[PDB]
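**Student:** What follows is the residue order along each chain.
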Amino acid sequence: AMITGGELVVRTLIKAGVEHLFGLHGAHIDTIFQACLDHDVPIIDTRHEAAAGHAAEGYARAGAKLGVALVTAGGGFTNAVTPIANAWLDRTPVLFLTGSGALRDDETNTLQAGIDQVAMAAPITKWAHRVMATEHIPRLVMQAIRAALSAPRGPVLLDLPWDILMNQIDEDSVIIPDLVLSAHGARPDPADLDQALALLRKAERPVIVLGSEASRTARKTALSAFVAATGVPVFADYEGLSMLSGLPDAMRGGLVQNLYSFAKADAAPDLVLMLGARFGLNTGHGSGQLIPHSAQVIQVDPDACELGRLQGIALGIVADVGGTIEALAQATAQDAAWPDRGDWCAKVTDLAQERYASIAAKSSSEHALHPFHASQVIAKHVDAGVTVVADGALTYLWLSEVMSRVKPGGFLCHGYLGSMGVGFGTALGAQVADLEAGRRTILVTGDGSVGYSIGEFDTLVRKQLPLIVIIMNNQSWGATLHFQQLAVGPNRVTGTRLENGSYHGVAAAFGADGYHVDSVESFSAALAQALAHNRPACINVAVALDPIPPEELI
Amino acid sequence: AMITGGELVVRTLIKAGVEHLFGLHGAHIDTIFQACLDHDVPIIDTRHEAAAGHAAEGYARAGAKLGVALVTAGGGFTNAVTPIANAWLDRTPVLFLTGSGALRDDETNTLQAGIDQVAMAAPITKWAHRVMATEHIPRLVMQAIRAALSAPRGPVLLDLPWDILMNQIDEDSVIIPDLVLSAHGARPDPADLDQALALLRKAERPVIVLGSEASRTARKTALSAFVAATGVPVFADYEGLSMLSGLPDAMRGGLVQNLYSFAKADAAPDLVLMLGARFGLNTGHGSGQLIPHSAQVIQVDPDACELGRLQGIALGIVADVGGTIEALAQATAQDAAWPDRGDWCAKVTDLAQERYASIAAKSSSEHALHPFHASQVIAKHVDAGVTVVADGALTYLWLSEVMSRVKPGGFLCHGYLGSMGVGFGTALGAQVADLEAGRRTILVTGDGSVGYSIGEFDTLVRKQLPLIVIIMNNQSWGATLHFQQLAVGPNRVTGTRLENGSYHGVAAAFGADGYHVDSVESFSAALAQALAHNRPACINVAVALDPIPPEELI
Amino acid sequence: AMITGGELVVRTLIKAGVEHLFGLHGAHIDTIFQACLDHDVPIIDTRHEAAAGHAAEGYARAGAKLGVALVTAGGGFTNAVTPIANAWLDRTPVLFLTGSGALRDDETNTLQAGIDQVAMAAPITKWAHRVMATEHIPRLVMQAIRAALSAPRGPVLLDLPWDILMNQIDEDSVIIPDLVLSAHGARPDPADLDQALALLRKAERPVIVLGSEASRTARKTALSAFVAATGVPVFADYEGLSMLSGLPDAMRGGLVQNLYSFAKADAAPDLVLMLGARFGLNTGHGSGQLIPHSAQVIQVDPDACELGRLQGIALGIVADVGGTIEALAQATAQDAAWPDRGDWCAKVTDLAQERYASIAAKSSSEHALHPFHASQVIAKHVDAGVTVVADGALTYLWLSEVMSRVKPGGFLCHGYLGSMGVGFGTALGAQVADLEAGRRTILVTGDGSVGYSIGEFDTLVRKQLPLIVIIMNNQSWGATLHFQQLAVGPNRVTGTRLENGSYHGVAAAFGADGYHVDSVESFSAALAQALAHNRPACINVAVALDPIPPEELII
Ligand SMILES: Cc1ncc(C[n+]2csc(CCOP(=O)(O)OP(=O)(O)O)c2C)c(N)n1
Ligand SMILES: Cc1ncc(C[n+]2csc(CCOP(=O)(O)OP(=O)(O)O)c2C)c(N)n1
Ligand SMILES: Cc1ncc(C[n+]2csc(CCOP(=O)(O)OP(=O)(O)O)c2C)c(N)n1
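Residue numbers (my numbering), protein chains in the order written: chain A, 1 to 554; chain B, 1 to 554; chain C, 1 to 555.
The hints are simulated quantities; they were obtained by calculation from the structure and are not laboratory data.
A couple of the hints might just be wrong.
[To be verified] Over the 12 Å line for every Cβ pair with chain B, so calculated as not near, a few chain A residues: (1) 179; (2) 204; (3) 307; (4) 320; (5) 335; (6) 500; (7) 519.
[As the list claims (entries may be wrong)] Residues from chain A that face chain C, not an exhaustive set, calculated with beta carbons under 10 Å: (8) 82; (9) 110; (10) 283; (11) 379; (12) 382; (13) 384; (14) 385; (15) 507; (16) 510.
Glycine residues also receive a C-beta, built at the ideal position from the N, C-alpha and C atoms.
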């Protein structure tokens, strides 16, 4: 009945409800591997701690739950920092467990010791802390979990010294707490809710914009009730998109980028209800290009700093986005009637169709496969049964154009960090989450980005994870090459070409199914075949580089 | 119409509703002084930045509003770090504005430059940031204010480089935003509130315990309604104490320390509703000595990490404490009649009286004025018209014993930092806030502690702030001297005696009224006279050192 | 005559003498790419910022010069953190140039912004700083270089906001400073030098142990003179090893690990002169197993905190190691003849031979190629014309056993960070530095470790860098699997097997020459052929997992 600190870690994780970890082995953290082995808790071990970190993010994002990453001292930790930073800006709930030097061997210039891992993580975590006593493990693990899961969600680092984990203590001398933290988020004051609803009622052209916090709490039933009662069209940033999948067509505004053309059509929203969507990269900053300067804005966010960050707002509410959605659905259920918004919804629909049609008209695959056409081939397969993860740059910009009319089970794109290459790990973790949900994961990445984590084909094969990796291959770091041509000059391309390498050949050498395609017909065939089998796959798609996606042209 | 960065700062503060600043002049921040002069906004300039920072804290705490501290580059900032740390652990909303080296003169080994002020403040602030452009000033000032005022309240550092402040910009090119942040805090989900009230109704011996977040939002009307509807007795840590002042005697449990004697009297609460009271120093940590292990605990806090930090809880709600109190009042205004709690309330009263009488029985001023007797002299004058600020150590431990019986308008004691000396600046700021409240501030401090900021008698006189400073003088750093005697040995006193100096003489040399007293009669007379006139005063009170306050043992 | 901040960066690097950068493109740093293009300064662009950072390290280490890494905002920077940490612990002079968010767009929740990159680098750099004005670029780049190159060498982070780099200023409005920093480091006070030499003279069994700072300054001629005058045997940690390559065999003690068997031989050194070798992982910590507790220790290091960190010393000197070697050479060029130390040098030689022979006697390739035998195949090709880079774990522990008797041009192994995977980028950078020297780079890595940076086969092919990557393949994360079996139990292997994948196939799919081998004969043939051509290669070597290397046995 003596147990290790690592055993305490795992017992606390199990009690919290954790069922998977992502990681890479080291002696420093072996006690956690041994405890997981004993308790039949899978640790999905990758070929790089970065991929493990991103997998924990992908698992969290796809499954709307806590992701758990597990890395060893020193380079284990430093290899996980891009995931930490990505989860930080994305508001993704990930518990990063890292080993560190033994406290008893402090300042001995020893193996993997001497990196101030807590200091390195401090700027990019909700909380980061080094455990000082084995007996503290359960309470501090649970504290870390509460930090990560609470609004706004985000990453936490718990640093566990080798001696602290190896230490044995009497199991009856320490209690393993429950996770006692309400599942229901805090909601607005009724006066604020009444004011928001009065504004929503009076608007001529109201819209809702969902952000990541909407996705984390995933109150889709309540969202549907609210949206059905009010008839208000709903848009979302990338992270919020999959929250629109259960909504009636007339109310699906799609990606918030679609608001761009509304002003020119004399149709700019006069009221915007932002639910966890920040003023920033995905919402046009303070430009007024998507969220009009002439609109009254009601913003709901758990972080007061965000409220009107870049633009004057009418009503700033600090509350949980999920809780607020519940409250709005509760309020509008008591309502006899809401203004008819058929005409406005139709306008929203028509404007989306006009964008899509315009792109379709301009796109030609006469000489090489057009990125828009390649994106459409994927779109035909996207529904509730699929999670789409997007990496690259031009690649996701083109892909985004087909994403609003489909209803993905999940959609995981770059956030503010825009870190090329994070998608592979992200998609691998998403696929683990998706297994329980009966979903198939498709990664859509660029030829540049896939190189970051290309070893993970080995992991797919060892773990029999049926991730489909589609590489949009334009023989370049594409968006950066576009930048050079457009911002500097046509003869100023340097350091951005990638005219080498058979990626499907690399996949095949790792035991995954490899395909190379270069047309709508060949791509359609390959994708259909890949989807028909429960096997990991790489589809290398030769695509044109020259086309400029609308988001880039903007 | 060209205006300075400093003018932008002050326009934004005014628009936010700021009416006072505390600080100490430097050239680096002169543009802010000049703008305040133009706009008739007082800056209360102290003799030490630490006193200024603590004054901003006291103003925030006594006034339930934002405090603003203003300090210059380098030593101005480093002199403010004890206030920042105190505000951090006390959850006190203070905006610290600091000057810093000019960006254009970066890395020139120049005057007051080269201190990474934001890095130093990062571990002890909700947000710390250095402004990069004059045009960003209004949006970042307002962002900082939203960070400080949001639940849980806390300090923010906004660092304003000299060139950023001196730069002039067209006033028409930058908008000064409003403070658009709901005054109403987020509330619990009704399911959680229902469960909490169901538990409260079934309990045989329920208690409520208030913490600092309750004092920050000051929802007194709602608290009264809730308490009258349920008949449940209410306790508080030091920071929540003044929130009990408007309650009927039967439901005033007073300081949470009074729960100590309940288990031995077979009267331990079976339910504890913690409203912003954390598990920690003031609540008995996880010992169960105040919050029984056998009790079911409902905990409400804006920080999920705090929920069941040191002890298992039954229900953990993340919400604003003020919003929650409003929600509870609203719910209990509409539900059935609540069970009578007269007998339990009388038990609470009797146990408090038994404690007070026991101390009274033991306390003798035969040979020297006893600290309990001195405390009673003060208590005679405490009501809504008074703010009591407490510093020293033995001094506040004795004072705490008389505080539950009285109903102070404000009570500001040490929090977790326990930093001797913070009281003087705190009380000076409190007196400023108390002007518009029609309150008189009394600082009760130790002879050791008063030395930290003794030059502030000058500030009281220059600004005509009628603070009464009562020095409980036991010619020692008292609690520390007791530590040496009790934990080490009677012959082991070293570095703790202070058998020198006429504090009243020091005050008089700064132009404040000085008194030296040594008995109940002489002390009563001096305090009565000091209270009769709106003049700053120092009352140097000779008190016994040997008596051990109940809390010291515990 | 208006030029960008990025042009100022590049003009300053050029004036300092930088001839290569390693990096990965981003728009945030394009102005630096464009300026390098104009000036014909190569940027070796990799498939991961980590590989670019490790390449800059390898270039610095192999080249004994400044390495420069160039990365974009946000994820560009965060992907470079492992290189920064590695350089930090290894005392390697690398200037990490990173983009960051524009100052004018501060706090706008925009692309790649919002990471406090300086705060993240602070605990693992000599200096980290974000540039506040375009006019400050030349003086702060040069200041950064002076920080990296000064003793003890280490990594510096210079963070260059996008607007600061794109901003254009009059090229004549700012001076580009020269690099004015003495090449000759500070030396000991003569009293301290005299005391050290008096102890060295009186000692019965003196040894010298070199550390990384000896490699950075590479005072080979002075070292040769000093060692010839005194006849004292010289050992080194991994990073100091190539500094022994120009010494006579008699005075080459080799890797400091060899000191382990000396006490049982009644031959423990009575004096140890530590020249930038710290007390720590490579020197036996404070255990006295290599540096005896009974020895008088003279320690010379540019960081006073290192001096007797873990063990009492007799004389603690803060000075540059190169400057100290020059001082020692100067002193011993004008003093009395030194005691003959032939018998002691012979004992050193005998004990090394006993270790090697013992390993050889125990090693069998009957059923699978033994790691010691695979290591011997490599050693046959190691001389001044070769840089050996070592990664993996059991892989380098075995490799270490053959490295003392050969004289490598370069030897770059794991330092204190022990970060599996850093070797590929390191070797790629080393191969760039080795070009001008006519040296060939060989990476000896594990099947586990190679996976970290395997996309760099692409870079080798795109840049025609003839790096030979040797994968010691035991189908596992080997040392960690041994840990599980030895420290936990034979039935407790979890998360450590890697029984999948054709690494030579991966290399081939990137266009590199691939070989798969499983015997002394096959491996010898593949290596000979790969060395005969100036082509990148991958040699996948099937080796046994079960053998325990002496360094693990000791542990
Ligand atoms: C970690 C990281 N490194 C560099 C960049 C700079 N960058 C932006 S887009 C881009 C090109 C991505 O190329 P690819 O993955 O092939 O997608 P494509 O644009 O060609 O579709 C690069 C290198 C970045 N955003 N993140
Ligand atoms: C800034 C700071 N310095 C030192 C201490 C240690 N300390 C705790 S109690 C105490 C004695 C305070 O003496 P006094 O203010 O005269 O109050 P007394 O206990 O005598 O009533 C000291 C020095 C502290 N808590 N904070
Ligand atoms: C970045 C990093 N991750 C994990 C570890 C833990 N670790 C130590 S040795 C080892 C095995 C290395 O395997 P391989 O590269 O194949 O070399 P081998 O020991 O099998 O020769 C691992 C994973 C580490 N030291 N660094």
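**Student:** Verify that the Cβ of residue 320 of chain A lies farther than 12 Å from every Cβ atom of chain B, and report whether the claim holds or is violated.
**Tutor:** violated, 7 Å
**Student:** Is the claim that residue 335 of chain A lies outside the interface with chain B correct, judged by CB distances over 12 Å?
**Tutor:** holds, 18 Å
**Student:** Holds or violated: is there a CB of chain C closer than 10 Å to the CB of residue 384 of chain A?
**Tutor:** It is violated, given that the least Cβ distance between residue 384 of chain A and chain C is near 31 Å, above 10 Å.
**Student:** According to the definition I'm using, a residue is off the interface if its beta carbon is farther than 12 Å from all beta carbons of the partner; does residue 179 of chain A meet that for chain B?
**Tutor:** Given that some Cβ of chain B is not farther than 12 Å from that of residue 179 of chain A, nearest at about 9 Å, it is violated.
**Student:** Does the CB of residue 82 of chain A sit less than 10 Å away from some CB of chain C?
**Tutor:** Where the cut-off is 10 Å and the nearest Cβ of chain C is about 4 Å from residue 82 of chain A, the hint holds.
**Student:** Holds or violated: is the Cβ of residue 382 of chain A closer than 10 Å to a Cβ in chain C?
**Tutor:** violated, 26 Å
**Student:** Classify the hint on residue 507 of chain A as holds or violated, based on whether any CB of chain C lies nearer than 10 Å to its CB.
**Tutor:** holds, 9 Å
**Student:** Can we trust that residue 204 of chain A is non-interface, i.e. its beta-carbon lies farther than 12 Å from all of chain B?
**Tutor:** holds, 22 Å
**Student:** Using the nearest Cβ pair, does residue 385 of chain A come within less than 10 Å of chain C?
**Tutor:** violated, 28 Å
**Student:** Compute the least Cβ-Cβ separation between residue 307 of chain A and chain B, then decide whether it is above 12 Å.
**Tutor:** violated, 6 Å
**Student:** Under 10 Å, Cβ to Cβ, is where residue 379 of chain A needs to be relative to chain C, so tell me if that hint holds or is violated.
**Tutor:** violated, 25 Å
**Student:** Once the shortest beta carbon distance from residue 110 of chain A to chain C is found, is it less than 10 Å?
**Tutor:** With a closest approach of 5 Å, the residue 110 of chain A hint holds.
The structure does not agree with the numbered hints 1, 3, 4, 11, 12, 13, 14 stated previously, though it agrees with the rest.
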